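Take a look at this one chain, the form solved in complex with this ligand, written out in structure tokens.
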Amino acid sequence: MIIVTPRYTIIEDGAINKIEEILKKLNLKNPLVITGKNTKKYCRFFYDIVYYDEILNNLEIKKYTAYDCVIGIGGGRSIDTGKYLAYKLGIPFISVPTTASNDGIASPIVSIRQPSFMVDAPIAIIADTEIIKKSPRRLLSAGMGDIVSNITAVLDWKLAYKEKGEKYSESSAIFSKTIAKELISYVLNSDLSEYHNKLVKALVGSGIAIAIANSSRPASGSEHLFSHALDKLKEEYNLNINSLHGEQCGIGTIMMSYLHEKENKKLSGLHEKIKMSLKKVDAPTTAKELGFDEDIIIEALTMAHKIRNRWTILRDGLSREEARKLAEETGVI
């Protein structure tokens, strides 16, 4: 058991102004900032700044040997790139999200390219809820999709334990699952005035659960496989579809939950509750809303189990006919 977690986590209005304080506490002096064109406006300091584009191709091409840490400011891509870069340089990474679209905020996962892999958790998470509150609404709605995914991820994890003796941690699993349930329950019971705040807390919690389990298992299962398959097909067929990771995972969750329901009647109705929670925050729940033809959904379903060697409710895979029935019966198509 060797586990790397964040040292500092700040979630509050104006948190972006604590960067200096946090750097000082960690005895860090020379960061490189990674950001995006749309998020550069929040980089209010004098550190060196670089856009994640102009790293992601040149890639490996000591230009960076002077920096003692990396600060990722922005969306999932900014953070993911900064995280990867920090790993390559052997230095600490500070995560400064400007939205709440995915759990990459505090996770040890780097997802530049599939397959994903593990690195250190960010040494600090500085989440300015004033900035995040104003981020495009669609991104906040997408975060719900990433959170509900923990439910099917955990069901899949238990399943792999039972059927394949995969290493399993009950306390990590229930932590992850409960994070999602807290948020669902908040979404279904409230006026949503603190949604952004509770969402960020959930995404961060989800990152910590990953760190603690030393695996993306508590946060990524078949629903994520489905989303990754969608991604492969967008690239393959050159679809120009602006769907987000969280949105895809949310829809995946709906379907995968339903598969677990078939085998365990105690869970019956789970998928509908999830669906409701997604609709309540305006996340998409159908292929049409997400921007996909029904055939892409189906194909993604049939290929999802092959995306990674990770046992899930999909087992050895869905037939085309099964996939269609599933998507039909859950209202996705």
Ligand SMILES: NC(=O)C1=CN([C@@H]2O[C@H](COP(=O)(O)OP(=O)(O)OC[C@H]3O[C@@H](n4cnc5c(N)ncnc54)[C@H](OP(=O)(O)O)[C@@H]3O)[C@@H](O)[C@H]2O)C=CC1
Contents of the next structure:
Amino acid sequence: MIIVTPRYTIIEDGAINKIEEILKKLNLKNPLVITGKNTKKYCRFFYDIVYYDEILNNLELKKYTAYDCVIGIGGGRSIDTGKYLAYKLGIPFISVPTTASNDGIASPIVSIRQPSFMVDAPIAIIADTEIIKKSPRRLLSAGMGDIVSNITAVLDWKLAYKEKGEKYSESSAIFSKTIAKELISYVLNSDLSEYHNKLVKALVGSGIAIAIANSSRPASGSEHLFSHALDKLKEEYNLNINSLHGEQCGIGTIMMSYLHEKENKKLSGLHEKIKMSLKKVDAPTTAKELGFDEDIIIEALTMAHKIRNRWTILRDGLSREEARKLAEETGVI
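Return the form solved without this ligand of this protein as a structure block, the form solved in complex with this ligand having already been given.
Only one chain is given; partner chains and other molecules are left out.
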């Protein structure tokens, strides 16, 4: 085991004011800040600020030598780009999310050049829930899709263990699955007044599970494959759909869950529960809401397995009619 986790995690109103404090604790003196256009107001303690596009337009090294860490502030592009650059410079990364739409906040995954790959987990995570609470509702709702997908990811991971002898950690699996279960239970039973707070905790916890298992397995399975497949097709058919990753994964979760349910009667009804919790926080549950033609969903399901060399309930592949059947049995079309 060689495991990298965060050193400091903060999740509270006002958190953004503690960046200084944390840098001091970590004995970090000169951070490079990676951020975006409309987050410059949260950056007013620092001096070296770079926008993520500068980096993304040339992903290649000896002009950053003076910096001892990187601080990513803002949305997902900001955090992912900052994480990437820290990895490249071999220095620690500090995650300061202003949104909470996915688990890149705390995870050691970089999703700049899909496929994703594994780097070090951020050394600190500073999640100001006063700021995150005011992020676009749509991004918060999409966070739900990212969390519920731990369920199918864990089911796929067990399946891969059983059927293919893949490395599996029961205690990471259960942690990741339970994080999502608690979040689902909260959205189904509360007034949702603390959702943002609990979403962030879930996203973060889910990040830790990944670090702890040294794999994205506890957080990503066939539902994510389905999502990547959708993305390919948006590009390949030049669609203009503004669809978010977590929205897509949530819907992938509904469906993949149903495939598991067929094989494992003990899980029957799980997909309806996931469906419910997504509805309850305003997250899409069908292609129409998501914005797609039915044929794209079907095609995406049929080509999900090929996306990555990762065993899942999809197995050797779905047929176009198994696909349709699933999508319609499932309410997605």
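Between two forms, the rigid core is defined as the largest C-alpha subset superposing within 1.5 Å. Residue numbers count along the first chain shown, from 1.
- Superposed on the rigid core, the two forms differ between the two forms by 2 Å or more at the C-alpha of one listed residue only; from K273, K279, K40, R308 that residue is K40.
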